[PDB]
Each structure stands twice: as structure tokens, then as C-alpha cells.
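Asks: Residue-level listing of the chains:
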Amino acid sequence: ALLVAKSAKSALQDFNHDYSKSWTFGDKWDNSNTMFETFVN
Amino acid sequence: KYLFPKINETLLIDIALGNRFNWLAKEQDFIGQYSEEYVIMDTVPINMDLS
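In order, the protein sequence lines correspond to chains KS and BD.
For the first sequence, counting from 1, position 2 maps to 12 in PDB author numbering; every step adds exactly one.
For the second sequence, counting from 1, position 16 maps to 67 in PDB author numbering; every step adds exactly one.
Derived from the structure by calculation, the hints contain no laboratory data.
Be aware that a few hints might be false.
[Said to hold, decoys possible] Computed list of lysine to any residue pairs in SDA-like fashion (alpha-carbon distance at most 20 Å, straight line):
1. KS:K19 x BD:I97
2. KS:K31 x BD:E87
3. KS:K16 x BD:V95
4. BD:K77 x BD:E87
5. KS:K38 x KS:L12
6. KS:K19 x KS:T48
7. KS:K19 x BD:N70
8. KS:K16 x BD:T61
9. KS:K31 x BD:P96
10. KS:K19 x BD:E87
11. KS:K31 x BD:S86
12. KS:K31 x BD:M99
13. KS:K19 x BD:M99
14. KS:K19 x BD:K77
15. KS:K38 x BD:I97
16. KS:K31 x BD:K77
17. KS:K31 x BD:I58
18. KS:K16 x KS:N41
19. KS:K31 x BD:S102
20. KS:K19 x KS:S32
21. KS:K38 x KS:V14
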């Protein structure tokens, strides 16, 4: 559910698989209910 | 009205008929019969799956 726990877009998916997708479009990082509570941002 | 007729000239019309290609004409020297060339095909690179 949370984007942080999603291991399938991490940097380990491109080094076990021989083929990976070259470019990227980024992400929309959140700090909602993580280990990174932040009051302002 | 009793003479055989006469021909005064002929002119031999000739045209010279170029090639439109012979800057393509390079010259080998008539030895051997088989020639060939070759390429290497592409290899798209691969990701580092360290597992």
C-alpha cells in the first residue's frame, strides 16, 4: 500500500534482472506514516 | 533522260551516347573472383542483476 515498502521499484530490481527499464520518471515521495514524520514538509 | 542518276554525298550521322555513371567506375586488376565484406551486429547492453 505504502510506496516505501514497495520493493519492486527499488535499486535491487535492476541488478538481479539482466534487463531493466532505462529511463525513469521519478516519484511523489510522502512522509505520512513512515519512520520519517515531519511537521512542515 | 538516259543517264543513271548520281549521288553527291553521305554524311554518317553519329551520336556519342555517354554513361551517366562512370565516377562509380573503379578498377580492380583481374585477379581472384570472390570478394566480400561484413559487419558486426549490435549488442544492446544489459542491467546489473548481481544475484
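Asks: Taking the hints in turn, state whether each one holds.
Replies: These are the hints, each one checked on the structure:
1. KS:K19 x BD:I97: Within the cut-off at roughly 17 Å; holds.
2. KS:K31 x BD:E87: At roughly 38 Å apart (the allowed maximum being 20 Å), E87 of chain BD and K31 of chain KS break the hint.
3. KS:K16 x BD:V95: violated, 28 Å
4. BD:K77 x BD:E87: holds, 16 Å
5. KS:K38 x KS:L12: Holds: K38 of chain KS and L12 of chain KS sit about 12 Å apart, inside 20 Å.
6. KS:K19 x KS:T48: violated, 24 Å
7. KS:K19 x BD:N70: Not satisfied, since the Cα-Cα distance of roughly 64 Å exceeds 20 Å.
8. KS:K16 x BD:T61: violated, 98 Å
9. KS:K31 x BD:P96: Cα-Cα ~11 Å, so holds.
10. KS:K19 x BD:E87: violated, 48 Å
11. KS:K31 x BD:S86: Outside the cut-off at roughly 42 Å; violated.
12. KS:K31 x BD:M99: The hint holds at about 12 Å.
13. KS:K19 x BD:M99: At roughly 15 Å apart (the allowed maximum being 20 Å), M99 of chain BD and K19 of chain KS satisfy the hint.
14. KS:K19 x BD:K77: At roughly 58 Å apart (the allowed maximum being 20 Å), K77 of chain BD and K19 of chain KS break the hint.
15. KS:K38 x BD:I97: violated, 28 Å
16. KS:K31 x BD:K77: violated, 48 Å
17. KS:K31 x BD:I58: Cα-Cα ~89 Å, so violated.
18. KS:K16 x KS:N41: holds, 15 Å
19. KS:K31 x BD:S102: Cα-Cα ~18 Å, so holds.
20. KS:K19 x KS:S32: holds, 13 Å
21. KS:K38 x KS:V14: holds, 11 Å
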